Amino acid sequence: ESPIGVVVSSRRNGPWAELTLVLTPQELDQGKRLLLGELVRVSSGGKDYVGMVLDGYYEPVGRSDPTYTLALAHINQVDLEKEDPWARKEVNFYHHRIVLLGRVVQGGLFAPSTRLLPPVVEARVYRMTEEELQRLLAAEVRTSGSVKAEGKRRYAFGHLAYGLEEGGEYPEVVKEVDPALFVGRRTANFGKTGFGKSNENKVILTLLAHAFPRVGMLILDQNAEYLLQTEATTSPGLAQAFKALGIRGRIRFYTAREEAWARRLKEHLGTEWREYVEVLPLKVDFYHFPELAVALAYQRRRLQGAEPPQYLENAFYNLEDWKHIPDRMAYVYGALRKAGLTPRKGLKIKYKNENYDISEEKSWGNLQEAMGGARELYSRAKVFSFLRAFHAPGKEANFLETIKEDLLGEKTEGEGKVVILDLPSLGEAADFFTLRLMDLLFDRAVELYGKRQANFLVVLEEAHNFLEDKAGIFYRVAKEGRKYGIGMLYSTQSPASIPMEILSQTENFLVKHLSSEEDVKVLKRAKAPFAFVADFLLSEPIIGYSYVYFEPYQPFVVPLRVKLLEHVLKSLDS
Amino acid sequence: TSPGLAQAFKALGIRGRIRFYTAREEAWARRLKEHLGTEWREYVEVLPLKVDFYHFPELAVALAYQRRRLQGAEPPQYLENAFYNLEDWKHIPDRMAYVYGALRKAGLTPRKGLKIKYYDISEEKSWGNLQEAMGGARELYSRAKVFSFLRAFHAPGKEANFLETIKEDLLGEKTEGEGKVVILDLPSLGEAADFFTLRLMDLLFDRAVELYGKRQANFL
Numbered sequence: 003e004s005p006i007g008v009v010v011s012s013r014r015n016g017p018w019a020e021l022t023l024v025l026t027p028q029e030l031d032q033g034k035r036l037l038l039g040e041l042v043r044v045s046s047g048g049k050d051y052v053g054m055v056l057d058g059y060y061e062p063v064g065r066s067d068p069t070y071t072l073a074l075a076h077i078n079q080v081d082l083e084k085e086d087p088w089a090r091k092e093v094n095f096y097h098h099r100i101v102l103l104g105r106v107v108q109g110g111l112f113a114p115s116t117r118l119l120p121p122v123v124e125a126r127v128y129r130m131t132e133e134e135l136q137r138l139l140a141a142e143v144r145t146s147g148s149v150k151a152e153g154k155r156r157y158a159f160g161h162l163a164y165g166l167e168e169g170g171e172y173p174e175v176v177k178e179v180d181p182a183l184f185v186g187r188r189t190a191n192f193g194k195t196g197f198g199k200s201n202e203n204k205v206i207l208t209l210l211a212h213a214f215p216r217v218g219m220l221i222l223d224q225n226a227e228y229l230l231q232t233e234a235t236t237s238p239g240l241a242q243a244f245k246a247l248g249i250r251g252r253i254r255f256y257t258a259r260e261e262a263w264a265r266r267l268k269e270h271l272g273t274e275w276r277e278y279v280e281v282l283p284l285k286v287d288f289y290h291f292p293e294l295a296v297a298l299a300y301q302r303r304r305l306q307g308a309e310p311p312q313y314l315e316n317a318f319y320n321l322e323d324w325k326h327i328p329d330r331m332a333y334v335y336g337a338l339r340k341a342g343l344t345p346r347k348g349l350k351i352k353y354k355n356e357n358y359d360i361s362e363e364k365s366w367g368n369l370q371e372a373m384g385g386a387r388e389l390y391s392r393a394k395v396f397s398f399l400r401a402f403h404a405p406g407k408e409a410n411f412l413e414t415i416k417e418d419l420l421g422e423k424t425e426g427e428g429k430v431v432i433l434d435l436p437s438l439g440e441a442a443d444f445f446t447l448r449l450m451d452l453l454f455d456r457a458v459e460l461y462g463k464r465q466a467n468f469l470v471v472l473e474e475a476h477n478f479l480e481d482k483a484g485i486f487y488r489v490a491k492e493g494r495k496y497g498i499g500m501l502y503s504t505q506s507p508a509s510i511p512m513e514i515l516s517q518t519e520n521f522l523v524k525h526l527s528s529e530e531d532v533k534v535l536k537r538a539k540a541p542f543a544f545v546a547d548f549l550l551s552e553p554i555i556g557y558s559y560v561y562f563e564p565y566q567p568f569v570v571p572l573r574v575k576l577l578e579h580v581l582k583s584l585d586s
Numbered sequence: 236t237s238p239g240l241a242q243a244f245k246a247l248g249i250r251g252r253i254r255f256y257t258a259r260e261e262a263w264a265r266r267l268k269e270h271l272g273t274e275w276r277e278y279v280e281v282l283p284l285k286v287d288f289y290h291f292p293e294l295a296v297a298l299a300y301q302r303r304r305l306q307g308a309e310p311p312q313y314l315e316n317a318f319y320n321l322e323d324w325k326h327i328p329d330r331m332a333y334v335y336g337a338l339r340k341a342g343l344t345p346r347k348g349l350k351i352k353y358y359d360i361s362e363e364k365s366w367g368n369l370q371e372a373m384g385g386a387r388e389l390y391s392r393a394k395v396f397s398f399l400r401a402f403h404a405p406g407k408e409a410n411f412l413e414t415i416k417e418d419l420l421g422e423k424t425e426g427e428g429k430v431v432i433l434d435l436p437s438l439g440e441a442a443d444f445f446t447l448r449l450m451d452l453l454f455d456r457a458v459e460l461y462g463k464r465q466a467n468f469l
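For the protein sequence lines, the chains are D and C, in the order given.
Residue numbering for the first sequence is 3 to 373, 384 to 586, as defined by the authors' numbering.
Residue numbering for the second sequence is 236 to 353, 358 to 373, 384 to 469, as defined by the authors' numbering.
Check each hint, because a few of them may be wrong.
Claimed, not checked - Covered by chain C, according to a simulated footprint, are these stretches of chain D (three or more residues, beta-carbon under 8 Å): (1) 29-36; (2) 50-56; (3) 335-343; (4) 484-495.
What the hints assert, rightly or not - With the C-beta cut set under 8 Å, the calculated list includes, among others, these residues of chain C facing chain D: (5) 305; (6) 309; (7) 311; (8) 348; (9) 421.
Because the hints were derived from the structure by calculation, they are not lab data.
Note that CB positions come from ideal geometry on N, CA and C, so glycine has one too.
Next up, chain D with everything else stripped away, as it sits in the complex:
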């Protein structure tokens, strides 16, 4: 409860007021130290400011020659500590630089920086207490002469830390977040791979699910990690978190490996797992949706020459007109049959005027021997072979329409829904289906304008593969979705890849260790407040250590140890 050192100078460096602190032999021998990036209290003229330790260096004090003194002591085999403390009292000093971030005034308002520079004899520096740190992490920028809103519940997100140093961690100084920061806004989760991205995302999603039961989610699970704990870890997934929290009938899992996924769900959730997760297939019957097959074959890899076939191009548009003529539809159905898609039991065509049963081999042969644009598709039938991996006879489901109904239907208005798409099980059609579903959902959200908001969050992984194209649906959603109530939470591990237009418009930032100066430069260019920690980010690979910044009313970037999902679940049931 005493000043740490003595203030010997102050000034205005650029946009910030700073001061110089000197730790003397008494403080140094009593084991008093300051950590880089530590927050301290500064008293000057009856007013308290928040200060941050930015620097530390050794300088002579008075008329002394520390190099000569120490070298002579070393040469003469003299121990300064036990012997001759008088020469040790004249070199044992240290210098620190402290920046004044602002002050906390009124009922928790933050007044940034300062227009008043403190005289040296007035200023004093104090170690901040736990209660002061708690009250400081809750301060926000606000309109002057107003009253804090207060109200809605807040949940612990992490606790303050200053690296891996002993004595630099404060388990009781937690940062509490209102989950409404995440609904309708943009969240960026940066950092290298394996440093806490999955845990952070799962904690955020669990908090949203617990606090806003009317907000849905569309998770594009590229790594297959948001439903159950993976074999290479033991951190629970969303299904286990919802089972612990008692939330029933909200998770719809779309996959093409339903048997395996149900096998795992049985063992991880017990015999009652049907009340927590609902498994649905990602396979369609192409005899019901020939347009889907045409679009898939048309939008394929196109190695080397990027020339879509002319016959496929013509079919893509005119297949809807062809559906009114059996003579033209028989060629499409025969093309699929010849490509190798097994039809239903009892599927019947009418080539000229007579009934043929393609389901039966002899009828198929009869029609084949019996055989305006539909003929070219039959001639080039093998182009549909790759579709077999996605074919399922007798389904008539259209998971695309099912998901659109789940997320934006009138009957399912409110009530929330967590739609998790197991993308890796779709093979090479995953990109096509993802783009088509996103454009469908955006169109429906635009349709609902003026009547209600979409009210769901898109969870996207490896966002640099989708946000780079400025003419794409995902860039369009990231840019305009706030007008229709659609949020986005994206993780990239490489900010330099994300366009600066998207970066400048993001609201929430969670940054972990980055090993690229380009990444750090883009981070500081987008957000100035991240300039105080850019040096730590480059040089300190710490796992589970994050820098958080939520806009627009957060004073400075906060370093946190993020809470584990196990602890969050264990504390949410009390």
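Please arrange chain C on chain D, whose structure you already have, making use of the hints.
Okay, now just chain C, sitting in the frame of chain D:
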């Protein structure tokens, strides 16, 4: 609770000056009554945002081109050619007729009295003869469904055309002075907002350049 511009005009007693163009007139008129009272019609006029593509086919082609490359990539060769050379096509009636027929097949109702010189396309019988009677334009003719989505914001005539209505609101010979505050509800337009705004700005600038020497545009 910061007052809007319509509420500020109500407070100041300014009447008959706000023209609000939108595609959700019902939804907006339900809020206007709630906030301005039962007399809200004295301060704001709500109008639709529909256009005619038989007079602005550049917008049709550009909107189709945008609608592609957003649901995938690689716009077709004919579409890319049209996007750039429709202006040159506008002076060859043979090529223009194919675009007009493409829109008609897509299913955009024209205005009665519209004819092409490949014919009364509006008339339900001459259309059959022309279609049976009938290059980049020829290729674009067959793929007529690329314009289907345009039916979302299509309307025949010139009184429906908000591009013309705003032009006379801000530069009308009769409406000289006295001011008019035109407000566009851009979000309700969805993906066509940028193209519509650019076209409207170009049209207004051209009209203002035409009017130089007689009167000033005089708007912000």
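Results of checking the hints against the structure:
For the segment 29-36 of chain D, the assignment as covered by chain C is violated, since 0 residues bring a beta-carbon within under 8 Å of that chain's beta-carbons and 3 are needed. Coverage of the segment 50-56 of chain D by chain C is violated in this model, with 0 residues showing a Cβ closer than 8 Å to a Cβ of that chain against a need of three. Under a criterion of three residues with beta carbons nearer than 8 Å to beta carbons of chain C, the stated coverage of the segment 335-343 of chain D fails, only 0 such residues being counted. Given as covered by chain C, the segment 484-495 of chain D passes the check, having 4 residues with a CB less than 8 Å from a CB of that chain where 3 are the minimum.
Satisfaction of the interface hint for residue 305(C) is found here, the shortest Cβ-Cβ separation to chain D being roughly 6 Å, below the 8 Å cut-off. Interface hint status for residue 309(C): upheld, as the beta-carbon distance to the closest one in chain D is roughly 6 Å, under 8 Å. With a least beta-carbon distance of about 7 Å to chain D, the hint placing residue 311(C) at the interface is held under the 8 Å criterion. For residue 348(C), the suggested interface contact is broken, since its CB lies about 29 Å from the closest CB of chain D, more than 8 Å.
The closest approach between the C-beta of residue 421(C) and any C-beta of chain D is roughly 29 Å, which is over the 8 Å cut-off, so the hint fails.
Hint violations for this structure: numbers 1, 2, 3, 8 and 9, all remaining hints satisfied.
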